[PDB]
Amino acid sequence: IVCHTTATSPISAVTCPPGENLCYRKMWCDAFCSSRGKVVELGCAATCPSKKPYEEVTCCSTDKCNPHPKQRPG
Amino acid sequence: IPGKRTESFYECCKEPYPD
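Listed in order, the protein sequences are those of chains Y and E.
So the mapping is simple: our numbering equals the position in the first sequence, first residue as 1, plus 36.
So the mapping is simple: our numbering equals the position in the second sequence, first residue as 1, plus 612.
Among these hints, one or two may not hold up.
Unchecked claim - If you want the ones that stay clear, here's a sample from chain Y, every Cβ over 12 Å from chain E, calculated:
1. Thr44
2. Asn57
3. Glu77
4. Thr83
5. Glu92
6. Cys96
7. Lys100
8. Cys101
Claimed, not checked - Dumping the calculated EDC-like pairs for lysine to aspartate or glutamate here, alpha-carbon to alpha-carbon at most 16 Å:
9. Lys74(Y) to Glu627(E)
10. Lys74(Y) to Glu56(Y)
11. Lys62(Y) to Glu623(E)
12. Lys74(Y) to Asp631(E)
13. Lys62(Y) to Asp631(E)
14. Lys74(Y) to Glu623(E)
15. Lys616(E) to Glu627(E)
16. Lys616(E) to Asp631(E)
17. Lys626(E) to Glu77(Y)
18. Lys62(Y) to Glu92(Y)
19. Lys106(Y) to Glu623(E)
20. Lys87(Y) to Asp631(E)
21. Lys100(Y) to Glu77(Y)
The hints are simulated quantities; they were obtained by calculation from the structure and are not laboratory data.
Don't be surprised by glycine CBs; every beta carbon is placed ideally from N, CA and C.
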């Protein structure tokens, strides 16, 4: 399994720990704060709850499943 | 004397987040 880096500056890719595997993203805008969308702090996690965060830590039980860019032409 | 916060990350490249 892989999971995107902490996002220090260059959004790259890194392995997850022996416990953690799923990719998380922490955001306090969830919309469009202009310039750089939302804060979005990447990182690997082990749990994935869900109950209307309003601003909390989301995730996906997979590899690099937090790709914040995902910008591809067609 | 720039105090400077504990600036976090943004989408990719918002510089030091605060300002």
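Hint by hint, here is what the structure shows:
Not every Cβ of chain E is farther than 12 Å from the Cβ of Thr44(Y); the closest lies at roughly 7 Å, contradicting the non-interface assignment. Residue placement check: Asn57(Y) keeps its beta carbon more than 12 Å from all beta carbons of chain E (closest about 22 Å). Here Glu77(Y) does not stay apart from chain E, with its beta-carbon only about 6 Å from theirs, under the 12 Å limit. Residue-level check passed: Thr83(Y) sits 22 Å from the nearest beta carbon of chain E, beyond 12 Å.
No beta-carbon of chain E comes within 12 Å of the beta-carbon of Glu92(Y); the shortest separation is about 16 Å. Every CB of chain E is more than 12 Å from the CB of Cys96(Y) (nearest about 18 Å), matching its label as outside the interface. With a cut of 12 Å on Cβ distances, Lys100(Y) stays outside the contact zone with chain E, its closest approach being about 15 Å. At roughly 17 Å, the least C-beta separation between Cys101(Y) and chain E is larger than 12 Å, which holds for a residue marked as non-interface.
Of the supplied pair hints, the one linking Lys74(Y) and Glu627(E) holds, its CA atoms being roughly 13 Å apart against a limit of 16 Å. For the hint linking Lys74(Y) to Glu56(Y), the alpha-carbon distance of about 24 Å lies beyond 16 Å, and the restraint is violated. A C-alpha spacing of about 11 Å is found between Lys62(Y) and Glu623(E), which places the hinted pair at or below 16 Å, so the restraint holds. Proximity of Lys74(Y) to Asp631(E) is assessed by CA-CA distance (about 14 Å); at most 16 Å being required, the pair is judged to hold.
Among the hinted pairs, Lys62(Y) with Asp631(E) is inconsistent with the structure: their alpha-carbon atoms are about 20 Å apart, more than 16 Å. Pair hint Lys74(Y) plus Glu623(E) holds up; C-alpha atoms about 6 Å apart against a cutoff of 16 Å. The suggested pairing of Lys616(E) with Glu627(E) holds, with an alpha-carbon distance near 13 Å, which does not exceed 16 Å. About 10 Å separates the Cα atoms of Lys616(E) and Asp631(E), which keeps this hinted pair within 16 Å; it holds.
Simply put, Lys626(E) and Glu77(Y) have alpha-carbon atoms about 13 Å apart, close enough for the 16 Å limit, and the pair holds. For the suggested pair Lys62(Y) and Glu92(Y), the alpha carbons sit about 6 Å apart, so the restraint of at most 16 Å is met. Distance check on the hinted pair: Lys106(Y) and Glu623(E) sit about 12 Å apart at the alpha-carbon level, within 16 Å; holds. Between the alpha carbons of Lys87(Y) and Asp631(E) the distance comes to roughly 32 Å, so the proposed pair goes past 16 Å and is violated.
Taking the CA atoms of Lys100(Y) and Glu77(Y), the gap is about 14 Å. The hint holds against a cut of 16 Å.
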